[PDB]
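What follows is one chain in structure tokens, specifically the form deposited without the named molecule.
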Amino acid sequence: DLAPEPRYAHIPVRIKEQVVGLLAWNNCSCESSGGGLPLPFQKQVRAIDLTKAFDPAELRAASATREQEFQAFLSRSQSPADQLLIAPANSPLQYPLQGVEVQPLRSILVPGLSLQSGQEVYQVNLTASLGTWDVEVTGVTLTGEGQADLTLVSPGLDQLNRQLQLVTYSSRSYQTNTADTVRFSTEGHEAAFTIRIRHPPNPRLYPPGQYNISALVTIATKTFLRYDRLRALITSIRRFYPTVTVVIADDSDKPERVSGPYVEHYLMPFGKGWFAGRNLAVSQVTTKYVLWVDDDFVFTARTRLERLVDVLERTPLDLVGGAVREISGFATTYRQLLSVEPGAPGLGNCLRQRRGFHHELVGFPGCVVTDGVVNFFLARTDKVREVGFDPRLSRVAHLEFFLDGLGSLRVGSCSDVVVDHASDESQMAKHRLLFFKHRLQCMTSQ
């Protein structure tokens, strides 16, 4: 809402064309570049309308049920902590604004409560909805200790405030991760604030036993009827890393035996699929880090994994891609930007894919921060599992992983770690899937 309020209706405003254009107007669409012969400094943008992957009758149904499932999702994600709260001006209430948190069914002293010399009597009310208040300061009368509503009354202002330094909140009902919006009040004044109720996060620390690559890194791949390429890969890896474990997910119809020291071969139902096999491979990794390589890759003296290890050891990144070099001699890092822009409510949003990166990774020449990369990368195993390779993407997929991970996964890309590359209804289905899964109406590729 931009429209001027009554109180300020008279006050004149000239719109800043430039800045108002920065706001999300929930009206995005996806348009193709003008067609024909291209121009040198222009990139051709091409649009995909995912709504056209449905029968117009089915489209309505899909949009409805997608909206319904989304409303359900909201209700199980969102917290009173996410409410817009406005701090009142000119209140004598001093209260914690953020960063007050308790474990479920635990207790804490509440910081920073006070009432800001000598009056009649001073009284403050505390109200909670998922917990109970407790504290005795000489001179101060308490009403409601061990209840959701607590009154503190004291002729001593210093006293009242000293007792406030000793006010405790206790979570009274068990929930996993929520919050309780408390009310702190005095005569003619009201303040809302939120205590977060949650468990501390699982830190998932790795035992240890430069860098021990065998201890830190598992190599994961997926193959299908390409045993020649796969064996060349394993041979090449062994030329530089003799004891690193290689996990191989395999959905071949008549699987050959693959074995050797530190190789683990997993057989899947014939044509179970690509991402399913990737999900399989990662689920078997016990090391801090996993390296994804395609079955058609070859290690060279340029595949210096230590450098990728270094990056993840020394930076907050979760995933760091290398570069893949074609036999044509060109090496790509496939640095991609993925952003979702708000579209019409219930049509869905618009995905924008474009080549590029966000910024250089300070301290690490040749490395940048981006949204997606080529399928040669080292990553924290847990973060990869957290995002997952959606087993439904069975045939042709790549960026969809980075899209599933978008914002959750800290992505980087280093050009100096290099691996060599050895020389439909599915499309429609994926369009329907991505429409539903990610609430998209369309996408542009660039």
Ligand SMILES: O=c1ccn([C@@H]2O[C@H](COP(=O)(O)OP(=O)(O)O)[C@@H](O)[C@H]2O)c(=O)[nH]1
Second form
There are 2 protein chains.
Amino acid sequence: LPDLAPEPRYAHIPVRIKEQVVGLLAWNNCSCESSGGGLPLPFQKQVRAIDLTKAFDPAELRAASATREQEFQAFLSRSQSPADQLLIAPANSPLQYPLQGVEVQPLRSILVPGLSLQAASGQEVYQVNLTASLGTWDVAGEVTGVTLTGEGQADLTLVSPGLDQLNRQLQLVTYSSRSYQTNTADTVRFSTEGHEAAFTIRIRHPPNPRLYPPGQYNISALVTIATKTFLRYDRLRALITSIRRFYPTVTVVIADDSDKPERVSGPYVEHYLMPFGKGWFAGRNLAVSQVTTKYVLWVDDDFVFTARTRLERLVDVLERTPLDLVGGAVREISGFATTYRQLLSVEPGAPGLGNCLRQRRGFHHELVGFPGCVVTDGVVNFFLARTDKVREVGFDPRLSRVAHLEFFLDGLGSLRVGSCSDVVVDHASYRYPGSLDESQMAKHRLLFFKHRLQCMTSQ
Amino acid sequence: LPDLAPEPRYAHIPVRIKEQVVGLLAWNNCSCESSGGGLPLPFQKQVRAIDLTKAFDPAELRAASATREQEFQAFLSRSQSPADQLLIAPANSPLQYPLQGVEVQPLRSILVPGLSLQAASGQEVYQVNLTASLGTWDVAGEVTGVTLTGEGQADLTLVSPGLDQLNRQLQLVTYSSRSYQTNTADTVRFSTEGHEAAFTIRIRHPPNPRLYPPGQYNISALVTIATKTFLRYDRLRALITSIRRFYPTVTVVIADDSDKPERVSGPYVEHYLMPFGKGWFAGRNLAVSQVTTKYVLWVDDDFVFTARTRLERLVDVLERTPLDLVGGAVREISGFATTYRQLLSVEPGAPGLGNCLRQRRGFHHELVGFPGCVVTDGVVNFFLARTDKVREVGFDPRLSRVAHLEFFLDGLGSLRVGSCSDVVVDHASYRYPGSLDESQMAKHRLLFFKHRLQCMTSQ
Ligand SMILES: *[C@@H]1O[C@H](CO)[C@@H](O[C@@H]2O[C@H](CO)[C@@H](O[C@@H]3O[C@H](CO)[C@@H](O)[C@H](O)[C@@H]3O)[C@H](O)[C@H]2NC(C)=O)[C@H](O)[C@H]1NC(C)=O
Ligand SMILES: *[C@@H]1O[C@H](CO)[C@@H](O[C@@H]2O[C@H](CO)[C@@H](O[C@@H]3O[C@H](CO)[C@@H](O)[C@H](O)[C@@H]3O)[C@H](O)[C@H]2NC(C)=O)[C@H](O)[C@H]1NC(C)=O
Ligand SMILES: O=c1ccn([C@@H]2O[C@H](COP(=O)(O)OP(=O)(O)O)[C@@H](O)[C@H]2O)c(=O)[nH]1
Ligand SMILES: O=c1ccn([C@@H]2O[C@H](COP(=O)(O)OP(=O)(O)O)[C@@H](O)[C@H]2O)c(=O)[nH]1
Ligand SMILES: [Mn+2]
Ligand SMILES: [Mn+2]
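Having seen the form deposited without the named molecule, can you show the form deposited with the named molecule bound?
Okay, now the whole complex, with that chain kicking things off.
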């Protein structure tokens, strides 16, 4: 909750609230409301609310809400870092120190930058006390006249009859991580008489750079095409034929959970057979797991490559921008094309209820330098993406049936999504064993749990 | 990199270098050297060096080093943040401000905590300037007598004849992210006459919590067993039989790239058929892509569950500790068991050469509260792990033949690994087509590129 109330220190100062601004803050009170029903108005779009709590019996719901709270608290505990703690720099300290930007790998050692004591010259003695909790301090060299206590310990003191001596000594302080952890931080204390500063040294490994060999744009080397089929071999073969018309050696990975699978083969085609009805997002997951190239192109099995499906153009966007995923446009026989550019946002709910997801059509802004391309949160099922980022988000195998934006919501904030309308694929002009209704309730329960959601509006 | 040379300000101050401490710093000069050959001596362990550069013609090497540098620079550019920049807090400033811990979601708004001006009373006027680059400032409420300039702009000024007024006004300052980005930061300027502070607001989404229903421990709900087989149906059936003796309803996912696949079926078994020789790590990747449970158990197809193979115990470690992956022990028919606890570290090499990997047997420290369990970097191919972390690291499908520790190296720093000797699986007492030596050269070139490695020592 944002606290607008005056501390007693300033209760005597009058303040007129800006409603306009207080409205921008997080009030942790979200809900999901439907558009008034009836005949729709021009310009206005109809908003439909889903109450995810209605996917459970209220008895079950209380159980779910409890176990979900427990799992969330667990999640917090594993994920949160001393570097995420709110630290306020004090005013009017002699203490100069690094506030951010200081990092060491577990069990290694660094010179600490920018440590200094800017006090008054003349004072008989000058002393600074450094405290760590996951490391130890030492000096790269000893300054004549500075006395050190606790070299190679968690607590170091430096004391000097000369201020220039002390400061030069500080320029040489080293920090060492003592115990192995993968990704954490030490909140160190730098102090002198009547003054205290807290700062954080991050203890972590450099990230896996996951560098791919370019091996201009070699599409066969850079891109693998991934799809999932179920009992639609005609569409699938028509797709592969259409791909081969423009890209003869690009790999096509096909996941398939058909009951009696047909043989799918040809040069540069890889067929994966799954247990019957394992599902949609699982085949998506399977297909992506097999990609060896920097990039993966998702297409549905009922799509058809044209001359408008210029993958070079998508490759270009990913090569030249920080995007992770860039969607094309899928065009009907009717000549209408969609980019299905979607915005997803999660809004904070009351404590223990969970959050509210808002989906609405749209985008954030135009992608500078690339006309017809925008940045949004979700796109249609025709996209090129960095294989690694896709795998990193995943196609949750639990979504066995009806699912699309759930990938983009799993990816929310982690995946940098764009959408280009000029790269176009065609959509070609008994299929679900069991209760769709069940699958839907199942999905709602899953989304409720997995994302801590109470409800959602679709728009 | 380390500069120990004095700025002219202190060149006149004598310093005696501590060799033992300067020795702890990164000198960016690593190499990989073999133990002297000849007959081994009883206490020494033999260290073998691989020069990864030798896996290429001088032509190929120059090409790959260039391309690798390019891809690395790209990687840096997409990954690095203003929040990683070194900031030094100045001494003797009246400016109090948040040094870390302040974060807003893209396009959202927060009260900035801890802003104030601790100047002395008695001045005729007090003014502060706030500057942002990816956001704008406003106030939640207006203090009588404080003049605001730039409300809703990147630059805000607060001017006041009263210091208490200014500070109350500061308590109400709000920051708003203006442009949509997924994970970045704004470095703000807080300023008053003759004084400047820099601090960073992180602009990012809260992470996907990825909560699992628990469903003591329901192993069928929590754990899926994953394996990969190739023409070893007898071992595989022996494995499934052995599992079913202790765990009748735990799902077993089997990836299989046999040329002539046999039927593998029975309750709770899922068989995945792959193109012949698609490979080792790919089947591993495939199997994990199909796991729907919080946890996955990796077992080789030649393993055999006994009464020692008590998964509850592994489940327990992951439920009660921040580990992501916990390896068991694999016992030979000879009665010897291995946990294959491995340490991997990357050491900085000279500019443009790449880094050195050191693998050595060992662990970091004992896992407090769990006798016989340790924290290490790599383990044997019997382990329970959080599915999501396994998928996040990946079994690179390019490792089609011989690979094991490459998963742990891909995960290095990202995966919290442990190993318990008391959970024990038996190893039972038609090889891949192609050239081993080719695969090995291939893998060397891959590791050279992928991980920016020049060389490695095995120990
Ligand atoms: C663009 O990338 C593709 C894919 O990486 C390159 O094609 C691949 O090139 C290698 C040779 O550099 C081929 O390997 C050869 O395979 C045959 C067996 O098929 C074997 O007899 C040879 O000894 C050799 O290993 C590989 O087959 C080939 N793959 C494809 C998709 O055809 C391609 O050269 C790159 N450049 C351009 C400009 O296309
Ligand atoms: C431990 O976790 C497993 C997870 O599979 C639990 O078993 C599963 O429980 C669900 C819900 O009760 C069963 O669903 C039902 O299946 C029948 C058909 O088999 C169907 O008619 C119902 O509409 C419903 O979908 C699911 O089959 C079952 N899976 C099995 C038996 O392996 C198991 O109950 C948990 N154990 C305990 C004691 O908590
Ligand atoms: O098993 C599937 C196949 C597709 N889709 C989604 O539905 C779209 C396809 O819609 P269409 O009306 O073309 O149905 P189709 O007959 O092509 O499956 C895809 O883009 C997916 O996002 C789904 O949820 N499950
Ligand atoms: O296709 C494969 C199968 C296994 N392994 C690795 O080799 C070990 C198995 O060694 P073993 O001597 O038991 O050989 P196996 O005949 O069991 O494959 C595993 O634990 C894996 O890490 C591999 O590199 N490639
Ligand atoms: Mn369709
Ligand atoms: Mn074996």
